[PDB]
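Just the one chain here, laid out as C-alpha cells, in the form deposited in one PDB entry.
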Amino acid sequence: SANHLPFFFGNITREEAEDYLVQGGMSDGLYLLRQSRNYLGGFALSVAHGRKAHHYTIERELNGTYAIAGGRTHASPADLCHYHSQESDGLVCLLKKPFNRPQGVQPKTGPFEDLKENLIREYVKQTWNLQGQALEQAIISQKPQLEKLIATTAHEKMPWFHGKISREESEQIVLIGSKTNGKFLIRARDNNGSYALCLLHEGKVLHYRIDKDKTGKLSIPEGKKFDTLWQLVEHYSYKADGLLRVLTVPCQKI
C-alpha cells in the first residue's frame, strides 16, 4: 500500500531514480521511494545530498515491519520516510522535499507485478474452492503469505524457465531458429537452489552459474544478489552489469 504515496515511483531503476532527482533539482534532502528490485516486499529510498545520489534498501522484516540495515523497524515505508524527515538517525541527511511523480506518471510495474494478482487469485480458487467476495476476503486475509508463496514459485510458468534440462540440451534449444543476440533461458542444475543462465552472444551460447547462498539469495558469482529468478531476469534485461550483453527474447519452450 505504498501506491498511495505521491513520491513512490514503483519499479524504476537506480539510474531512472537518479534522472528524476536531477530533473527535480538535486537539492539537499530531495528524495523519492521505489520498489526494491532485489529484495522481495522491499523498497529503496533515493536521496540527493552534496550534489550526489544516496540509495538505501528498506527490507520487509519477518514480522512485516520495515527497516534499513542498522536502523529501527517501522510499520510502513511511509512511517520510515516521515520519521527520517524529523531525525537523520544515521541517514546522510533529513528527508526535506519529496520529488513527486510528474503529472500522468504512474508507479512502474514489471512483468512479475502484472501476473502477481491473477496468480494469487487462481492459486486460492484452485486450492480452497472459493468464488466472489469469499475469494477476495481469503486473498486479503493471507495477502502477505500468498505474495511470498507466489513470488518464490512464479518463475516455474514464465517463458524463459526450462526446468531441469542439461547444458547440452540448453545449447541445442537456444541455437534453434533466429540467432537473436540476448536470446536466453534459465535451467535448474543438481543442487535444489542452483541454476544456470544460458545467453546467446554472436552465435555462441554463454553459461553463467546462479548459486543460492546461505541467506537463500541467488547470484551469478561476483554479481548482484536477488531473492528470486524473476528479479534477476528483470535486472539483466535492463543492463548487462557484467554479462557480455543484456537479456532480450526468452527462448521458447518445445
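Residue numbers count along the first chain shown, from 1. In this text, rigid core is short for the largest set of C-alphas that superpose within 1.5 Å between two forms. First, how it differs from the form deposited in another entry.
- With the two forms fitted on their core, the C-alpha shifts between these two forms stay under 2 Å for all of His82, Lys179, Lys164, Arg167 except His82.
- Once both forms are fitted on their rigid core, the CA atom of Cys93 lies 2 Å or more apart between these two forms.
- Superposed on the core, the two forms differ at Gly70: its CA moves 2 Å or more between these two forms.
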Second form
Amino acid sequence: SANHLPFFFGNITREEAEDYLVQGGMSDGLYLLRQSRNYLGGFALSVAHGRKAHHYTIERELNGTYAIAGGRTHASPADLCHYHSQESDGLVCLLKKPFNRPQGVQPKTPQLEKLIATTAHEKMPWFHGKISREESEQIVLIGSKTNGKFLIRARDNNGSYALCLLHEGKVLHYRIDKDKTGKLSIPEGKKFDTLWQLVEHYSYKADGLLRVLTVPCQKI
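Given the form deposited in one PDB entry above, produce the structure of the same protein in the form deposited in another entry.
The text that comes after this line covers the one chain and nothing more.
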C-alpha cells in the first residue's frame, strides 16, 4: 500500500510518468514510483537518465518481498528505493532525487486477489468462451463493422487463448499463450498476469498490435 510514498503515483500510464519526469527536470537520477499494470501487486520504477527515461518493474516475490527480477529481494519498495539510492547495483544510475507527488495530486486508481484477477475476463463481454477460429471471424464480421472491434477466445486449454479484432474489414488473429511462469503474452509482446489487464492495456496503446482495441464484439 505504497500510498505513504510521496513519490508514488497510483495507476499511471508509462506515458503519464515520463511526462511527470521531464516536467520534473529530467535530471539524471530523478525517479518516481508507480503501481504496475501488468503484474499483480507489483510496481514500476521510472528513472531519468541521459535525458532518457528507464522503466524498471518491481515484481512481488511470493515471499511478499519485492525485487526487480534478477536482483536482491527487498522488504518494501520503500527500502528498495533507499538501497538503490546508495548502490547502483544493476540500475543505470544512482537514485539521487525522487519526484514527489505535486501539490494536490494524489495516487491514481492475500491470495484471493491472485485468482479473481487471473479470471476476471471470464465475465467480460470481449471474452467469448471456447470458440472456433471461424465461429469467431463470422461472429465478429456480423453486425457493426466498427474498426478494432475485438474479442478473445480460448484454444484448447486454460493456457492458450487468442485475440481477434477488426482492421479495415479484415479480421486479425493474434496468438496468446501462457509461458513457463504463468505469464500470458502474445509472442514477442508485453507480459501480463491476466487479461482484463492484457486488454485494459492493448485497449490503450497498440504497442505492436496493428491498431488498438475498441469495442467488445458481442457474444451470443
